[PDB]
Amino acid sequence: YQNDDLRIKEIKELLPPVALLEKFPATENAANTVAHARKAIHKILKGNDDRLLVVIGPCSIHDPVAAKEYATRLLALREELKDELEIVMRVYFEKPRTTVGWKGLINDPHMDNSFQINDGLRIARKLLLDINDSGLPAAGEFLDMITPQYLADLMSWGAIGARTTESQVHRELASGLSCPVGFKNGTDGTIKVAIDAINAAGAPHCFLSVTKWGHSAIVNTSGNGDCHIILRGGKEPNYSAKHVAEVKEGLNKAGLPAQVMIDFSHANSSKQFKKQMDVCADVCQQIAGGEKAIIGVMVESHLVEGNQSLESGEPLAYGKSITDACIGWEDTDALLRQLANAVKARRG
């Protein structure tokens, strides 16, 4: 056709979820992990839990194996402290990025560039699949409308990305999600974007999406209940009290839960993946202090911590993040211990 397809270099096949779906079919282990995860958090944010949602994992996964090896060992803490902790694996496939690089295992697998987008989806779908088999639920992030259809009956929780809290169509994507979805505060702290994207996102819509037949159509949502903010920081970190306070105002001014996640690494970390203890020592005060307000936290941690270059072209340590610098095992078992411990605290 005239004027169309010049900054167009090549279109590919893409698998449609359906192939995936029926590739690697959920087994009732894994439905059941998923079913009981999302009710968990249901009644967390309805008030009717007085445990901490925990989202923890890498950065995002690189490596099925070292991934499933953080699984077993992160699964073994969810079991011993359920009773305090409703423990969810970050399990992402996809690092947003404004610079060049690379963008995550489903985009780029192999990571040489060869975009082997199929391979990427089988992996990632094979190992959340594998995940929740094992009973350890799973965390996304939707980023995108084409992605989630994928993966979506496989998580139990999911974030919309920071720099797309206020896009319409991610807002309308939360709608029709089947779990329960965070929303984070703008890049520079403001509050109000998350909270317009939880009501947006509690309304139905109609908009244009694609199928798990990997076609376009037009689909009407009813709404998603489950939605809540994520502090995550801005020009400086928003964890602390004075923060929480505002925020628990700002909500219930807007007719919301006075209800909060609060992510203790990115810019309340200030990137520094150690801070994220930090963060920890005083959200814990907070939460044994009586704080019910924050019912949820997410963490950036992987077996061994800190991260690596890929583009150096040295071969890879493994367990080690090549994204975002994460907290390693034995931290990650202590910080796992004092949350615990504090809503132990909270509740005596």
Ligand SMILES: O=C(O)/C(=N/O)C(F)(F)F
Second form
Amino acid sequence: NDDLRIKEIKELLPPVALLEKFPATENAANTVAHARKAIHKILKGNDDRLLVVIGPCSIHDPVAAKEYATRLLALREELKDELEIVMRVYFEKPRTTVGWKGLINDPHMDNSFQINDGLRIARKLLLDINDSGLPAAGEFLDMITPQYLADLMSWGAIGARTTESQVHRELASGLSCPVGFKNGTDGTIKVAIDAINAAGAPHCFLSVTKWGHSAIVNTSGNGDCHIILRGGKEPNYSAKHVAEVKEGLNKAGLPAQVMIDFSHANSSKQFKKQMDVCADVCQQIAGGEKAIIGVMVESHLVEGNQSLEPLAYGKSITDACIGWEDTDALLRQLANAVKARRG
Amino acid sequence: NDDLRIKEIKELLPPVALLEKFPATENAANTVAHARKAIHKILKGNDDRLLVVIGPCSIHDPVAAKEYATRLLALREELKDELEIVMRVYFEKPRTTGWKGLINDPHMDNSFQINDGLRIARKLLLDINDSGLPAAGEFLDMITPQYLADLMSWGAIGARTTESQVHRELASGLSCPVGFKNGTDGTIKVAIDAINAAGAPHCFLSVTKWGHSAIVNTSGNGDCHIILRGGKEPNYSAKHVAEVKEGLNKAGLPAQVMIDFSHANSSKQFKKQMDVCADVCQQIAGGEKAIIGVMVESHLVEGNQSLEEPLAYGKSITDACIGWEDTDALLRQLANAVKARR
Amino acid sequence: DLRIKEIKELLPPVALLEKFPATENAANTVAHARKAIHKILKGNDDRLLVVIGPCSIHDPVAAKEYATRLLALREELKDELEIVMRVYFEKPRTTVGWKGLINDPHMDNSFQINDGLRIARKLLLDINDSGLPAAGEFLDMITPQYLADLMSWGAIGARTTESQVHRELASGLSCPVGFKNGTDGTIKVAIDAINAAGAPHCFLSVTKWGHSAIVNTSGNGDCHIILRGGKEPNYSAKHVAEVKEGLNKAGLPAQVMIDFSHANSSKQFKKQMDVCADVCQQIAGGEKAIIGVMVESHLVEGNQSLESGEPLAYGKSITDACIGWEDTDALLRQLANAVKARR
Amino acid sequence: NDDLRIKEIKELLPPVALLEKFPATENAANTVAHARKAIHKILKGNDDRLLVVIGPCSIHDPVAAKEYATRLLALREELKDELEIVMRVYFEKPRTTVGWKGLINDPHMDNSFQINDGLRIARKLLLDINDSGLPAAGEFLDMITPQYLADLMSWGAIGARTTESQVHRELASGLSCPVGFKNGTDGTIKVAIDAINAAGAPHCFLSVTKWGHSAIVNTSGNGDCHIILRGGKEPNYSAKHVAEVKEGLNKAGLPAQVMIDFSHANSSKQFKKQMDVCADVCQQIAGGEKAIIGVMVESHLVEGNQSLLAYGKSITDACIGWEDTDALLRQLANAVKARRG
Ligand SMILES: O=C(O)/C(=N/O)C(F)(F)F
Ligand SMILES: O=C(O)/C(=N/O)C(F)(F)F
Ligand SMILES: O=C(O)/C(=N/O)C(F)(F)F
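Next up, can you give the form solved in complex with this ligand of this protein, since the form deposited without this ligand came first?
Whole complex next, starting from this chain.
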């Protein structure tokens, strides 16, 4: 009657075992605090800077991740007048059917499934990268893994294939960080407009505590949430596309702001089209477009992606990203448009 | 940095304690054991019969629910040769934003006595099985299945969650067979990926019968199927069934489906479940063996009402359903259409 | 590690409280007896508590045939006594032996503790529901949470009266608690127990969820000394003198419960009624301080060797030897005559 | 009907959170691994050396204890041919009724009862000592603290006040290290014999795992236990008492070995008397007492004690200071020389 397609159960460290091995340093604590503050301001129209969330499609090699972090950390500080730069530290990836689930689920890319090692690796990384003063971002996919990492997160996303999940809007309503919801795979923007409304509200659901115990949590509600236009059946980063979502959100009585995602369905998957989308969004930002509050970009040390018989350094094992040299031109190419939007 | 928006945590009863208060009776386990095997044999093409998942949209009064079961159990016998009738015991009922469900606000006032809700919902589930009528629920979250899924013989995944990885991960390790609702928007590529996906072994994090996190390694679920339920327009046609039949095979999957006479297929009006029913029996009697099931929002009294004064007995507090006499006709219609085939 | 051979799962205390909840009546029993005993220890009543029953429960069938017989006398002597059946599920050995029904219910070294706790609590509930309070010994530190709400009086073993953690446990026990003198007949130890248990403590124990935590107790004031013999018996009136004024030197209620079994019987089950005579003589003589007594009683008298391994007889204790029923009615009758004779 | 007297409940970290934050180094694991084996070899009679457990009554300051530890590690390495020296690292102290409970309980010494710091201080201190080659020894009073601390322990005692308990002889029967049971608060050796025998059996009982969940546990049983002579209202360290414990151990069919506390009741409550006992046991050991296999000295940087604040002076029972401690460990290494010939 029970547990008959359940093969094994294996012990899983409680969040406090990670929270006490890898406590957040004074520096760390202050990166996330400030970074969360900064993005709040950008969302309440009290800042005109651009939230840019840029980085690999998915972490899988902490060494490569650190070269990228300290490279981008320089541009966080050179463009800190037009850009609020945040690194794309994605430990979990939702695969269309099957495939590698991210670092935390399978950190030795071998179906070992050393998920305890996973979070150890993940948390130490998230930790280190926050020390340097760079802020981190991630997709929130699992219902349990947030408790181990979220205190180091400064901006999260709910996957497209999860923007309708009640359980996922429930989670968004309690996270301490801002959150972005992606429009639906077909480009439906209301299922996301709906999640913003839910997320902004209090909920009361079942979940796991830092001690690894089932419990009932009540959430205050999170009003720092926005849409992420990722296009769908056809790219939708246009200035008039933006104007639809803009109107739409006014109809729903939510603030008219948007994060454009340059990749996936706005790039026809062609990794290099992030430059095209990039060149189109910058025109909108120069033209005076006040409502483009942020940007998401897929970006690694080296352009392209590889299958999973050895590992090319610095290159994605999942979605395909623009290389670093392109990144530089892209980020400076934003700061300039944000310059052209006020001076 | 920690827990700035979460501001209160309350104690929750572990699965192990609800299975101890309310243990499966030899009868209840018997009904679940046979009912699943019944549906498995159907789903491997080994049985003309039609699985009918029918019952209220949501349960809110255990009393009206035991009455429904005794009635529906009666018909589950009568037509046992043609229909495999499985009652539908749904608690939580997704909505963008009153009622969270029976488990979640069992007292219908935002007291959120999940613990009462859970004791109640399992006890009702228990009794319906001990009487011998299988139940079929809907798995939304990841903690709640650990308290109930032993008394369920079939399950569905909400329309707004068929795309989610976490819910396909959950179907990975269900002992009951699973149905996936196609997309809100009538698409079915998502339903296909979920079947494939839930049919793959998985390893994820989940709560145990004792209320601790752990790692699970599931086996993959082989008894899954799409669930047609409309989109822009309804899609209960046979034009439609022909596409899904095709693509399903193009997907290298068993060209079988289950049609939901409700939701986007009823174009909302609850009585239109009868219209859809009429159309299906044409096919089943026509000779369409790849319609292996149907799903009806059926209560004791037709229509619905709104939470406020007391409530009409036997009339849903959520979606409007056909009442009991529409329920008798519809079941008899289906079972007639069944043994046309011959 | 090196010496932990196996680790099986244990049903949490919440699970038994949920499968065997106090009926409204049983709640009443547990609660009236608990206030009664408090009123004895304050002098505002003058009946004699009487914890009397088997040495160890091992047949839930005989323990109910017993409880109905003992309950039948409980109601009759209502006004003299305050009978509390002896439902000890834990027993300690000088060295190695069978530890009680909870720790080995099928006395076949199966150690089916989960069955043990189910059987123990179900029996415990049957008895409080038919009006008969239960008394027990608190040996283990985790079992209490599975049973404490169905016990109206509790003892701390002669061999654990010094143990800091058994004092801590009584400091937060909700029923009232009796401490035995040292196995060598020392009072200092038991006085200290009362005093330690009289004050609040902060320590680790396990909540009703099977979870370790820090608990702050309040302190238990309904604590008294149990006299149980030593090298030679302390049921005297000479000793009752010393114990009374030693207790007044500590500055504590000058009262004492007297055991009749164990060292005061000199491991001689029948000599239990020789002690009765002496105490009813003190009690019928105007000794007000004898506020309780305890007596090892079963259906048939004597005992049998589980360590045999023939088949077992019905209603005979498998550990310490007890009187049989006929003596117990007679013993309970003289106690009631003594208490009335006392006024 | 319940919790009428439970004033409150705060969360306690699981043993695993601490095993993760202060994992044992390769070195610490080795100090432990080796020290245990040493004490096994002594116990089973295959090494004529003498286990010396020595150190403060209670760690209250960790800095003083780290200084003490270096001083004693020098001595341990210098006498390793006659002596196995492990430090007395006693966190949980058992008071006669109500008083300061020790560093794991109320670390800051003011009734905060910050048990989560305590545990944290107590494990880093133990790890630091073990990492630096010096084995450690402590009291096992609680039923839960062992799970955060056990793995950095080479030897433990069961308190004088808790030798008879089923719940403590159960614990002993699963500890990965040797154990010594003290006699009872009057000189009784019967309790200690029974304890060693019980602690030698396997047991099944309820405990908390490394994760903080109650669960069922079967022990294998612990052969590495022995009696700890500590005295009554009259000290029982003189050869006469030693020969009584000897035959008694034979009657109960146990190896006839012993460890002699120099303190508590063989000190008759004055610390400097610990030196006297030493001379006597040193006589016995050099006479050719193979029965005596270890001792226990309460020793600190500053002799004497204070109440509640001096550095390295004990703040519970009085101990000898470092000049007397150097003297004493040497007297012992010499009787261990005499004894071998
Ligand atoms: O599912 C998602 O949210 C995605 N994550 O990176 C996207 F953009 F491909 F759709
Ligand atoms: O199974 C259900 O009741 C559904 N839940 O959301 C639907 F709409 F998909 F059909
Ligand atoms: O150990 C005990 O507390 C006893 N319990 O009943 C005694 F006195 F016989 F030894």
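Take the two forms, find the largest set of C-alpha atoms that superpose within 1.5 Å, and that set is the rigid core. Numbering follows the first chain given and starts at 1.
Would you indicate which listed residue, out of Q272, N220, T98, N113, moves its Cα by 2 Å or more between the two forms relative to the superposed core?
Only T98 moves by 2 Å or more at its C-alpha.
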